[PDB]
Each structure stands twice: as structure tokens, then as C-alpha cells.
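A.B. asks: Listed here are the chains, written in short residue letters.
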Amino acid sequence: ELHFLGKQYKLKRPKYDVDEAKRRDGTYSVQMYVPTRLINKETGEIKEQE
Amino acid sequence: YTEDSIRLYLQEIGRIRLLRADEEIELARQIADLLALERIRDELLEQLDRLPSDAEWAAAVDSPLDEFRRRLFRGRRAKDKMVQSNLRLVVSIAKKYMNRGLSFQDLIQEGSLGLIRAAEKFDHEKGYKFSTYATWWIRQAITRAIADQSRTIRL
Amino acid sequence: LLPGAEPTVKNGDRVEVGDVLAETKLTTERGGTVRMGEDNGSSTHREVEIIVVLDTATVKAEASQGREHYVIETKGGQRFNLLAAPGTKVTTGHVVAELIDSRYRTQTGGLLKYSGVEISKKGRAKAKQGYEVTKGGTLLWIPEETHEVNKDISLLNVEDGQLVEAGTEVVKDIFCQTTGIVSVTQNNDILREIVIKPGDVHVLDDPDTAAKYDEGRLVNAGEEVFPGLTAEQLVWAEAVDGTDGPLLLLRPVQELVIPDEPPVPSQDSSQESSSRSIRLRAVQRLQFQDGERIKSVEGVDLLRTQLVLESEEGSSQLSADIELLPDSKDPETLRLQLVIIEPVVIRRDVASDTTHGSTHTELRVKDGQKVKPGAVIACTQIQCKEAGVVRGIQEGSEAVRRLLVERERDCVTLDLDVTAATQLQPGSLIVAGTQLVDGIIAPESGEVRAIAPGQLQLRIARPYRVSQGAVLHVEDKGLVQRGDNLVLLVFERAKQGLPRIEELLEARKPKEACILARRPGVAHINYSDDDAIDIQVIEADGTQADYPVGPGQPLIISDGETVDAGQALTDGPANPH
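Protein chains in written order, with PDB author numbering: chain C, 51 to 100; chain G, 86 to 240; chain F, 490 to 540, 544 to 987, 993 to 1074.
It is worth saying that the hints were derived from the structure and are not from the lab. C-beta atoms are modelled at their ideal positions from N, C-alpha and C, and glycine is treated no differently. It is possible that part of the hints are untrue.
No more than 25 Å apart at the CA atoms, straight line, and that leaves these computed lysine to any residue pairs for SDA-like [said to hold, decoys possible]:
id, chain 1, residue 1, chain 2, residue 2
1, G, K206, F, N642
2, G, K214, F, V662
3, G, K211, F, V687
4, G, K206, F, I645
5, F, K567, F, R796
6, C, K57, F, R559
7, G, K214, F, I645
8, G, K214, F, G888
9, F, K664, G, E108
10, G, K181, G, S197
11, F, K514, F, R796
12, G, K164, F, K614
13, G, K206, F, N680
14, G, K214, F, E685
15, G, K211, F, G659
16, G, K166, F, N680
17, G, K181, C, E51
18, C, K91, F, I592
19, G, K211, F, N680
20, F, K581, F, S594
21, G, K211, F, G888
22, G, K214, F, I666
23, F, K664, G, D107
24, G, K166, F, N642
25, G, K211, F, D681
26, F, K787, G, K206
27, F, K858, F, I645
28, G, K206, G, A106
29, G, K211, F, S675
30, F, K552, C, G94
31, G, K214, F, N642
32, G, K166, F, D681
Sample of chain G residues lacking proximity to chain F, with all beta carbon distances greater than 10 Å (derived) [unchecked claim]:
id, residue
33, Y94
34, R105
35, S138
36, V168
The task is simple: from the sequences and hints, build the whole structure.
C.D. replies: What follows is the structure, encoded as C-alpha cells:
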């Protein structure tokens, strides 16, 4: 079972810049990271990660 | 009187009951008999440089033309039923690639060729379920079909 | 007035501000115990619940593999597992808890025999739920290990009747788990069923002893199975055909004794005010019938002891929520409880122009109180915003939906001479601007309330003219508020671009096609009783045509009495086709 603890999604600071994105012809964006937990229904090993 | 074509094919499929393992073993024996008989005929074709007549083929098996022809028929029907009752498996595997370049109906018809080959190479003596051997051939046929028919400039 | 609201006053009752006009009474349908919801930031309970209770156990919530399972420890030390989670509603008959038992759990499959044990014969569909025991007794368990496969013959490794040890690969990729004799079933070169049965084997020398054990038999402890052979404990002796011929097999029979009544203490309901008591009945179920030949490689559970929700007859349709009550003496100790909660919803007080009065709901009971069915739970009273007189409440067979309060500012006094105004009566309808007396003209319209010496009381009023044929949306002495549609007036009236040109050029049939004649004649309008206006024309010989005008929209324009073929009769565009 995969659980997406979506209330804790963090956001990575934008790379480049607004002006750098404009002058480079790129995109102004951030990266989204959500913590998740894979739960084995039997063994019960939970490998928490982002 | 529906206009959908896939649903009509699914209904036509559902009019056929799934085989049981003993039924698979029984059909596998008749399929092997048909294969051996076909190999022999192929030998007659090499010897005659022409299609052997049923009488010459029956003569090659030291079999009365009636007995031989009925055996041939039984084998044909056995292979037909083995493929027919597993088309549901073909659809079940083919539904897992419906967004790769081939339409769903194309995936089904290309996996049918793999099912036919699997039914031609299934060994009852191995002691395994036909649904395990057939999956490999169905998957291979569908993957090859995608590799050879999904793009206009084929890679 | 809200649905079900009943006015508390009669017509003419002079009320004051805040006094009760109408009330809505909420009553308990079936009675029980009052349960007040906690004041969750509200001093008004928006819902009150109706409640029997059972507590005399202990319950602990333990977490195993991330699952919160509830263990019910009885005062006798027995343990139950709670199969039903908190917040779940279950009807009568549903299993709530399962006895945590291992004695009646077999190691492998086998055969089952009854000894005095009796069960209820109600329902085959409950077979999956087991068989309720009506009398305890003894279960005889004859072990065996059955591998059911549908594989070909040439995969076989072991002979029919070979005495084997456990672990031998009897069939390719199949491993025996019991040390015994293997009996093999095949159908047309296809392996179907393999049987391994434990127990001592012995040579069969005398055919008569084998004939005695032809069908298999039970033999008790110490009883001599055959001369020189005494069974040390109860065993099942059957004759089997091994590799060399007859042999006697002594399979070890197990005995499981079940008491007549499940000795698990029931917990008693504590409230008498519930005329339909609810309780937990403990039942014993055997999952298999007598002589049921069971084929299973792994062990099975034979007997299950289950707590089951039971209620008095007539309450079968009731569904009980399942809750945990923290004990008053020890809050830590929780106790399982079943409630037949009945809800009563309290609406919040609204005083802002919904009823245009303040609706205030007061409870008639207290938390924990015992109420009989039908007892009044809450009274919502509507309080009048302005004093005056109550009217408009008609009597008989209909729910009072609206009332009227005539206030102090809906009456005006005017200084008029009584002596000559004698032509007027209290309750007359005075149109404003009408000369009431010589030199005296009505300033404002209204209803004549009273005629005092030198003074006149007018209740403000306003007319609306209505002509013949209008549609009335209202009734005499009704009640209407601002904006309500009074009446639909029906009257008459009388008096082109690209669509017309496109319709003409495309030779389309105009919707409102004028009626066209087909022969010269005279034009009898023929105003019938039902206004069946039909244009009957008399031919040159005297043949009628009977053109029906139809609805009112095709207005007639034809009265020439000189019509000719093709001549139009009504308003609108002619159809050229």
C-alpha cells in the first residue's frame, strides 16, 4: 500500500530566477516533493521517503 | 443491435466457456497428434513436390481414409477450442497496452497470433497450466506488434 | 408558519412582542433514555439521542501488525476478538466477537464424526456461517492429508499404497506433510487426488477380520482389534489395499468434547425502561456437517464460539451502533456497549424574516431521563415581532401555514363628521380620493375599522383592478406578502428582415400559415357556442367548405363575402406550396 502524506508536500526553491528564466527562454517553476510511505500488508516494513 | 464493435467482440467471446485443466490436457494430446500428422504430410510434400492427396496422406499413415480424416478433424477442432476458450486471456493481457500506438482491437488481434502459437507449442507433459505458458507468447506477440506497427516511420 | 407548526392563539387575540404564536412539538417515537450531546462550543444541543446498555466485561485495544484489534477479557478470564469496529451498525444475528480459541483447530484435513452432538436445522444458506449447536457432545476427528491436483500421470513418483514418510516429493513440486500411506486417484492418465493418511499399518492375514473392517470401524482403547492386536487408544481401523494386498490401518481418532451450552459468561443489559431488551447471546457453530469428508492440506477451525446480537421480538428491524464506554470507576477500563440510538435534530433559532418571528426551541427533558414513546421532546415557539391582532387563521382540515398581525401602525385616525357620514359602516371599503361627505374627500384608502364621534379608524389598504377573464393566483381572505403574484391578466393587442427573405426564397412553410380558401363563396363567420369559428363558404352550387380557424392567434380578417380561390382569410404569411 502506498500512502501519500499530501498535507506535507514541500516546495523546492525555483532554479535560475524570474529574470534569468525570461532571458534564457526557460520556465519559472519549482519542484514538488511529497512524503510517502510504502506499507507491506504483512511483513509491515515501511520504507518512508520523499 | 449495438453499433460498438469491441463490445460485440466481447459478447462473442463470452459465449464460450473457459476450459478446465483436464480439458487442457485432453486437448493438448489431440493437438500434438495433429502436429505430428502435419509434419508427416509436410514430408510427403517434400517427397511429392505437391500437396499430397488425402488418400496418399492416409496411405502414408497406414490408416483408412475415413479414420484418418476423422482424426484430422478432431485435432483441428481441439486446437480451435484451445484458442477459442482462451481469447478472454488474450483480452486480459492486451488491455494493459491500450495507449502505446496500437488500438485495443489491434492489440487483441495481434495477441491472438501469440495465443495460437502458444497452443501450438504447449506441452502437457511439462505439468503446468496453459495460462502460464500462453501469457509469454501473447505478451511477446503484442510487444512485437507494437514495435513493428505503432509508428509511421517504423523503428 | 413552518410545516407542522400549530398556532397557539385564536383570531383576534391581542398579543405582545415576543409572545408565542405557533409551536412545533418534537416527540420521541419509541422512548428510552435521553442522551444530550456535549456543548461543542454551542450552548444549544442541536441533537438529542434516544438509548439498553451492557457493560460487565473488560475490553482492551491492542495493536498487532498495525491493526487495532479489541480483546474482550471476561470476568472469568476468557478472551474474545472484536470482529466489529467502533462506529459500525449491525442488525440482529450479526457476529460481534469471536472466541479466541485453538483447541478445536485441526492440523490438517480429514473426516468428521458426531457423538450425541446436535445442531439447529434452520437454513442451508447459513452453512458458510456454520451450524448452531443445539446440544453438546463429542466430535471424532479422523486425520488425513489430501492434495487435489489436475496434473498428468507421468509426473507421479510414488506407488499406490506405498508407506511413506512426510516430506517425500510424491508428485513433482508437491510435498507430503504427513507420514502415512498414500492412496492415489487418477482419471484417464490424469492425476486427480492424492491421499496420505497416518496411523499404524498391519498385515491382514485372516480374511474374516478384514471383512469385519470392510467399511472401517472404531476401536476403543484396550479393545483387541484382532487376536494379538489391541488398540491402546481409540483408533479408526479400516482395510486398505496396499502394494502387496490387504492391510489394516489404525488412524488415530481425535476426540473433542463440546459442552451442551457455551460456558462463556453473558453480559446483562442494565436498563429496564427499554421494553425491547438487547443482549449478546453466545453461540457455538460447527462449520461442517456430520460425516463431511474434508480435503485440506492445512488445518481448519471446526468449532467457533461467536457473540451474536439478539433483541426482543418486534425489534428485529432495529440496528445497533457499537460503542466503547469508559468505566466511571476506572476511565482506562473500557466496556463494549450496543445502542439503538434514535436521533432528534434541533434546528438553530432563526429570528430573521424566515417566519418573520423568533423561533426558539426549548427541550422538554434532561440528559439521562427516561421517556415513554410519544413523549414530547422539544417545543419550538414562534415569538411575534410586533404587537397587534391575530387574523387570517382559518378553521378546518388544513394546516395553518400563514397568520396575520395587524399592528398599531396599520390603523390611522381621521377627523370626520359623524352626523352626515352615516352612509358608511365599519368594514366598508373606501377608495382614496372619494368624497365621503359634502366637502370631505378620502385622503387614503383603507378598511373602515371604527366610527367614533368626530373620528374614523382606517386600516390601511390598497386595491387592484381585475377585469373579466383574468387568472386568480389567490383566494378570498388569503394571506400574501410583498412581491407575491396576485393575478394574471389576459387581454388583447393588435398592430421584416433577412429571415423573411430566406424563408421566401427557400420556399419554406411559414409557421403561422394563414388559412387559404380553395373556391369562391360567401364567408359565414359562424360564432359557435364554443366559439368554434369556422369559415364555411357556399360554392356556386351550394357546397360548403368548413375551414376551421382553430386557435385565437390566427386572427380573422375575412368578411368580404366575395372570396375567390386562393384568397387569404387570417393574418400571417401564406404558404406558397
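A.B. asks: For a quick check of understanding: which of the numbered hints are violated here, in increasing order?
C.D. replies: 8, 11, 12, 20, 21, 26, 27, 34
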